[PDB]
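Omission of a single protein chain aside, the complex is shown with its protein chains in their original locations.
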Amino acid sequence: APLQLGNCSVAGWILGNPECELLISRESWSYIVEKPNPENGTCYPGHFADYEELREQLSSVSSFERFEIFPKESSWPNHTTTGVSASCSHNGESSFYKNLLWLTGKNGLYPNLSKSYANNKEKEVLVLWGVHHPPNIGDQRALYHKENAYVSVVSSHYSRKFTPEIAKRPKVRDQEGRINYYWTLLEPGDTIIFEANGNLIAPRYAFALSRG
Amino acid sequence: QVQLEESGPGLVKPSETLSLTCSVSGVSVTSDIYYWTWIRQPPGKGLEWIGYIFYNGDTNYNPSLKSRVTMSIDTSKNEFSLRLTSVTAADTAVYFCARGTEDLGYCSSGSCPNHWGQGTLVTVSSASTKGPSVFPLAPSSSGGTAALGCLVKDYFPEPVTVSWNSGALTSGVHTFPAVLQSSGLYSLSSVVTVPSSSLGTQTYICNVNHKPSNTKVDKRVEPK
Partner (left out) sequence: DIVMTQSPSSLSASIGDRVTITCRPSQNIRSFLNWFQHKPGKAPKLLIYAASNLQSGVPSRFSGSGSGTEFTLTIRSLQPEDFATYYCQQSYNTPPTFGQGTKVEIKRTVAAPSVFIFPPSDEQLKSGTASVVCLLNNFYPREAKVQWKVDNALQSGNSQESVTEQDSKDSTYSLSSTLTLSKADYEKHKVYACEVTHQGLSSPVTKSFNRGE
C-alpha cells in the first residue's frame, strides 16, 4: 500500500515540519509518492545530508512507528528547548519541527551535554538530527555562549565531528542562518552517542522500521 | 561589511599573461566557508564565470578556459589572484572578483557569488598607453545654475575616472561615456552644475585618474 505525502517532501515529513502533520501517519508502504515541487520541506534553510540515499532506503518499508527517543520534558534539564523560528510558522505563529529540538542556553549557560540511546526495539531505528550554523559571531554567542563549539555524533558505523561554520550566507526565507540535517540507521542493539557544547539540533522523535 | 578591491594592468599585449588581484577586506581569505571567484563580461556580451577556489584547496575552472587560468590565494596580503595566459582580443573584458558562501542545500558547490567587486577593465592590445590631456570647460554663460567641466581628450585605453573636488562634490555631476575619436584615442567630458552664487569664492577641481598610463591629473576650473 503506497504512501502519499501530500504537499510535503520526504525531508519535511520525516523531520516533522509543522505544515506536515497534515497527513495520514502510515505504518507500511511499497514506494513513496512525492510531488516534484513540494512547498513545505526543510522550513528552516539548510543542506540535508545524503538525501537521495535516505529516499531510497525509505522507498520500501513494511513497518513504521514514530517514537520519542529523547523526551522533550526530561532529557534537557540544563538547556532551554523552547526556541522557535518564524521560518517554521504553523498557522501564522512561529514554531519548529516536531521531531527535533533547538537546544539553546539556559540561565546564561550552555553546559557540555552528552545523551545516548541504545536500540532495544527489534527493528532498524532511523535517527535524525541537525547542526546549526549562525551567520555571525554575535548570534553564536547569543545562542550557545561560546565561539568555539563542537558537535560529535559517534556510533558503531557513524563517527563525525561537526564544528559550526559561522558566516554570512544568501537569504532563503529571510534567514541567513543554516541548519544542516544529518541521519543514521541504528541497528537493533547498537548505541548512538551525541556530544556537544553548542549548535546541536537534538533528536526528539525517531522511527522504528523494516523494509519487507 | 566585506570589500573586494580589484587591481591590474588595464592594457595587456596579445599572447602575454594577464594578472589581476582582488584585495579582500572585512573577512579572512582563510575562512574555509567562503570561496573566491572571478567573472568577466566582454564588451556588449553576457557574464562568463571563470572559476572558484576554496582556501582548503578545492578549485574548479570553467572548461572553456580551464587550460589557461589558474587562481591563487596570498594570505600574507589577504588577496587572491587570477592569471590568464596567452591572451587575445577575445579576453578583453571587465573582470569581477566575488565572494561566495557555501550552501549546498540551495546552491551547488562554489556557484553563487553574492558579493562582487565593481570590476576592472582589461583591454588586450599591442598599441601602447597614452595619458589624457585635460582641459577646462570654464563657466561663463546661466539662469541661477552655473555649469562647468573638464574635457578629457586623447587617451587610450579605457577607462578614465573623474571626481570633483577630490570626491567631495557629487550632486549634479555628469560624466559622459567616452567616444572613440578618429585618432584611435578616446575623449570625454565631465560636467557639474553648482549655484551661480558660488563661483567667486568656491574652488572647483576635476580629478582625472587614468590607470592604464598610470597617470593622474588635477585641473582647476575657473569662471570664464
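For this structure, a couple of remarks:
We just call them A and B in the order they show up, numbering each chain from 1.
One rule holds for everything that comes next: contacts are C-beta pairs under 8 Å (C-beta built on N, C-alpha and C of every residue); 3 or more make two chains touch, one makes a residue touch a chain.
Within the whole complex, the absent chain has one touching residue among B:49, B:80 or B:95, and that is B:49. One of B:12, B:82, B:112 or B:199 touches the chain omitted from the figure, and that residue is B:112.
Although one chain is not drawn, the whole complex shows that of B:141, B:166 or B:201 it is B:141 that touches it.
Against the chain not displayed here, chain B makes contact via residues 4, 45-49, 51, 60, 62-63, 96, 106-119, 133, 135-138, 140-143, 145, 147, 149, 151, 153, 174-179, 181, 187-189, 191, 193.
Within chain A, the residues in touch with the undisplayed chain are 36-37, 170-174, 176.
The criterion applied here is as follows: only the chains that are shown with their structure count from here on.
Taking the mean of the C-alpha atoms as each chain's centre, chain A and chain B sit 47 Å apart. By the touch rule above, chain A contacts chain B in their complex via residues 42, 45-48, 165-170, 172, 178, 180. Against chain A, the residues of chain B that register as touching in their complex are 1-2, 27, 31-34, 101-107, 112, 114.
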